[PDB]
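Presented as structure tokens, the chain that follows is alone, the form solved without the named molecule.
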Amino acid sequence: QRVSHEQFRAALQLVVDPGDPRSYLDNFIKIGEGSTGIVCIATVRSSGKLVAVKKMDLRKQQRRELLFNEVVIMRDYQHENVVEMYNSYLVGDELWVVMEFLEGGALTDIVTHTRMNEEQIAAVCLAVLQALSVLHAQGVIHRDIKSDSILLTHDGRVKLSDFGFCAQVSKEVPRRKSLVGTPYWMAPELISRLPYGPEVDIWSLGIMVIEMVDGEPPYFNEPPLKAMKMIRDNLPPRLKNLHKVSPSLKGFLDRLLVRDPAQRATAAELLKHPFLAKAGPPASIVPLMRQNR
């Protein structure tokens, strides 16, 4: 009990940066309760730069070992559509991850207050899929794809974030089985805790497409647990606003929201899909952001 705490803390120490970041970070401004703790922005004293700091209490996780994943897996990851992690530290009983601050905030604010058009939807889906093709080719599953995990720059550039539940697969351990995600976005094979791969993020992306069209995921008013039962048991959920979606968006969505995971399109395939040729540039997103509306 105390023994498992102390061991866990020593283990994490081997993968985090040594040192106390409190000596260099000032002006903490809370922006969220995120997945697994609080997210603040702060100023780096030596550079004047703003960063985002996620702080996760070691004693408050459902599965403490998941805290190993992001801090190891995302360590020196560079991709234009993925939130960059700068360092991590152990501060008392908290893990702090310091990362790039996305001043445009999250896609959730948009999707609940406005209606994206298909140009904008394709731009988001292209960005996310560029991120997921590269991630998935090196064994990394995100496992919490939803609008809250998509962040924006001031000029409409899109980046994937919230890697806290991400997982690494490999040749010798190619599948995971953990019930991890956000209930309404979870793939049905993951709900059933069957072995699963990168395919799970493709299904969640489908649900996020439903968010972008309808405003919310299917069965959102149902309590989480029954909603999960429905997803597991029913046929693919349908858009409420289907009459407003183009034939190419419908055909795109049909390749995402497939139950049989071996039939579901991969990110690399979806990158070639004609829906994505409608993608707008970063500027097309900017009108939707809270500050411009």
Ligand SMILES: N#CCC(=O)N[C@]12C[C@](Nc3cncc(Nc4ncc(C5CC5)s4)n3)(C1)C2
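Residue numbers count along the first chain shown, from 1. By rigid core we mean the largest C-alpha set that fits within 1.5 Å across both forms. First, how it differs from the form solved in complex with the named molecule.
- Core superposition between the two forms leaves every listed residue (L126, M74, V83, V213) with a C-alpha shift below 2 angstroms except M74.
- The Cα shift for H113 between the two forms, taken after rigid core superposition, is smaller than 2 angstroms.
- After superposition on the rigid core, the Cα of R193 moves by 2 Å or more between the two forms.
- Core-superposed comparison between the two forms: the C-alpha position of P247 differs by less than 2 Å.
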Contents of the next structure:
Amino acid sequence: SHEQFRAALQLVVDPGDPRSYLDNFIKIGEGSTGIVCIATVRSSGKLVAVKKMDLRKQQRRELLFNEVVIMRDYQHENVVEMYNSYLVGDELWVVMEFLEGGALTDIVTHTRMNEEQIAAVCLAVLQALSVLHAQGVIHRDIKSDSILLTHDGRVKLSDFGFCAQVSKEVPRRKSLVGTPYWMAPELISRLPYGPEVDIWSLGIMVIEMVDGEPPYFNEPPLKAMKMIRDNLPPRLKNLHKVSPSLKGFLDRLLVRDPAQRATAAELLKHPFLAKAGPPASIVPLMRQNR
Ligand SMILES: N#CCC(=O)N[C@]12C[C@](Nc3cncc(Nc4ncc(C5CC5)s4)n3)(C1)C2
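Got the form solved without the named molecule; could you also share the form solved in complex with the named molecule?
Whole complex next, starting from this chain.
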């Protein structure tokens, strides 16, 4: 399988090895799928990001196809740009734009975003999610970690390893995939589900942006899942701090019944999002200048 797998993924990536154009490979980050470096473009010193993923250290090898194909087939102003992809020894390397502002997590833990910033992030992610979902691609790991910000405050969705796809032959998925505290109740209770699982996860991210963390963050994952499963839509701790409009918006997201749950298409027309500020309004929340 290992060699079968390598050969197959050799066919879906660009050939060769990007040392050809890149210098100064320095690690900066590190997730489960694996590490991340910056490198520079030898002829210009344009900075890229390179994610290095060991084909042998994966839990589900086949999820690696997503790391490449989602960014190649859904280019969009709110999706992280991929330049190329490669097999190097037995690592998959994906070269992407480097987004100087980091992940949304850094912000939501250290500062309190205003509604302008929140709407901005909400529009962004919904635009990406309208396009993926129009093609029947479910993201399945919407959270603040999954979101990157440029220096200039544009938002892009990242981390597509968990994507799955839906059609007429398989209209629902059935896998227990996602991050426990951001997982939809139908997903958790192992009911077949569609792209509505993203919208619930988007809600939970709004709660990040307002309260600093999602519900039951202090419970161990399996117990937390039990609670999302069993309890009603979670309350904002800082309810009293949010406008009627952010609440109107969030109530359309955290709906236990996925059918009553608003779609990304429906939500782009919500007036909560008129509130959305430029790229430049988000820029002060970055650790650099903050
Ligand atoms: N496993 C896993 C994922 C993981 O480790 N993600 C990171 C922690 C990181 N730290 C920072 C900090 N500041 C800026 C930045 N910019 C990025 N632009 C492009 C990037 C490529 C999308 C990968 S990452 N990345 C690497 C995000």
